[PDB]
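Q: Use these hints to put chain A with the ligands onto chain D, whose structure you have.
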Amino acid sequence: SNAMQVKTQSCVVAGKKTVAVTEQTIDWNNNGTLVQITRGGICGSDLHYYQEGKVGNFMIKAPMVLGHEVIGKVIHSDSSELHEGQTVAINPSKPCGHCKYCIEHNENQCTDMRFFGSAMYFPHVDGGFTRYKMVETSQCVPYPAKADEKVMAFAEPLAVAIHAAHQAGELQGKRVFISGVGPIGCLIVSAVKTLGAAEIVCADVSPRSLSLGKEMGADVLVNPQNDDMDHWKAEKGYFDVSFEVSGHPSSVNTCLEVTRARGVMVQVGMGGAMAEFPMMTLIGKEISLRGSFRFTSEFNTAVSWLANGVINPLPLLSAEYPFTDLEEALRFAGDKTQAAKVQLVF
Amino acid sequence: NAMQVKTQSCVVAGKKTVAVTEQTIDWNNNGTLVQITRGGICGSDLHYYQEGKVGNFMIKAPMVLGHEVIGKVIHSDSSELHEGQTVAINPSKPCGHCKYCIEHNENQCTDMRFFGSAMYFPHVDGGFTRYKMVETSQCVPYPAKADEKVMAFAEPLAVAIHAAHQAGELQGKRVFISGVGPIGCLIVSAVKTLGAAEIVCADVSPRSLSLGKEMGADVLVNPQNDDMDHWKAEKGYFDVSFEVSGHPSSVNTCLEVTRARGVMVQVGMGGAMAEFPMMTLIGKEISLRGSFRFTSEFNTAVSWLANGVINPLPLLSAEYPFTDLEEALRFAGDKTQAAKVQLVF
Ligand SMILES: [Zn+2]
Ligand SMILES: [Zn+2]
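Residue numbers (the deposited numbering), protein chains in the order written: chain D, -2 to 343; chain A, -1 to 343.
For reference, chain D alone in the conformation it holds in the complex:
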């Protein structure tokens, strides 16, 4: 437990298409929890930092560690409940405890938020793609070591999906439409299935994303290019709830035409500012458009769902790459034709 300076190799981005694993140094001192990272997933936030060196308007001004969905083992902890060698999933959220949104238990909307691998503030918060990382004790969520290492790495994306399902309101016995079955969309499929949806219909252009959608629990699969949607759009819509995850303006219109009047449409996917929104369709049908952003307490639920085998995300795991060949993994994850979820092994 003695205060020591441990070494680590961190996945670091410096700019647009500038990426390298560098030497680093953290000085541990009996405050917080020292965690050896074992596995981490590549999200869309990480690809944007490598492809364009930015997310939305947030640019990278100094080198930063990537990754925000990360699991590992405990090495040292200031809490006696967290034993050494314990398998934990790292919650990338570290909010303050005194702002108005965190007081109301809406920690996902914290004013002084510090998310893993987020270039929102400067200096940016370093991510989890590193061999050793010192983290807060409350950010360590234990799980039984018998759980599959490859399954638990889906803790953060599942939390994003579970939170998106709760933004829909009542789901028991409802008819759910899920436009865009990427990694997040497929986890929303299994989320609404577990939460009691009576019929899940999902749509995507690539049949590969549809093939993954049926394996995650979908009942009907539609391709907007080929199949016709007119019987879904009949009598002011058919579905109680719609999930827009692709972020494409074409898919947003269909969700409005497909959702019944006074229905709920959960906006998950982000694709800039939509440039021609049918606001008249929203007013006429009284649709309840609700946004979804990250998660609050659904991270502990996702760790429980994955450990107890409620859902099985392994069909989404496309490939594994050692953390030393990091750029090759970023190039492979950006290819949407072959990679759904790519994990880094530490």
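Just so you know, these hints were derived from the structure itself, not from any lab.
Each statement offered as a hint is correct.
Simulated restraints, written as ranges between beta carbons of each label pair: (1) A:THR278 to D:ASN223: 31 to 37 Å; (2) D:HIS95 to A:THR278: 20 to 26 Å; (3) A:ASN305 to D:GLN169: 40 to 46 Å; (4) D:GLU167 to A:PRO139: 36 to 42 Å; (5) D:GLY94 to A:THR278: 24 to 30 Å; (6) D:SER315 to A:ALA270: 34 to 40 Å; (7) A:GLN222 to D:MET226: 39 to 45 Å; (8) D:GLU133 to A:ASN305: 56 to 62 Å; (9) A:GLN2 to D:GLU232: 34 to 40 Å.
Beta carbons: idealized from backbone N, C-alpha and C, even for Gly.
A: What follows is chain A with the ligands alone, placed relative to chain D:
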């Protein structure tokens, strides 16, 4: 007592083409025959005369205008409606068998008939007529002691109450109302009665802001002259925001001013809104709800006006006889001089 009686109607046939015509109905003792005594000019009637279309619905055949009218019962097939009874005419006639009507969402009725709406073919005739035969369920009685000028606000108040109910819980909340026209002012009075703790309205015209103060608004705001930084700090200030004007800049201010996970009720229609900041709605998780017409709040609006829950007379700008139809529509389209204009029959 079958009878044929003549009537005068306020008919539009195209853009700017407006005339008062003579018509003849055939009252065969089914429904209820009423003499319309007073009617209010709404934004739909102006859009039909200013450009011949509401949104994307053009006027193809001549149509009677108006959907905010009151009157007295001439004859009725029900013994409960005594002749001469003052009534407010509900412009909605929903079916009783569709999906949304069974679930008590008749404002979203698949087979809906609304006064003076070009959404259907043939268009449903409006209420701007000296005599009109209507369904008995569309007649809502009110005590004859009530003011005729006050009860004419029944339809726009019913729209405001329905919009306030889209907000969810309003007791002790901080509401922001962007666009404080006639509908916006009635929303000010609605959430005030429903228990809003603080009402802040915003508009460019100082005349409309002066009307909002009399309707119960706590703080008045001109969005260009006043600094709105205080209400945008910490990802927003107000629990609920009411977008009523329809301008994109007003939509943007409501998104920045509403706190995260707040409610934004969209009332004003202003075309397929372009350059919509969807990223702001995602990051803050604002619940954007739409409000369309009304359902059961029409009976509530008639009861509010008959018992003086809210007095809408500060919104009445001018009274015109229905003979000077095109004179009133020209005066109603002038926002500098008019808020709500009434036609008397
Ligand atoms: Zn906070
Ligand atoms: Zn119906």
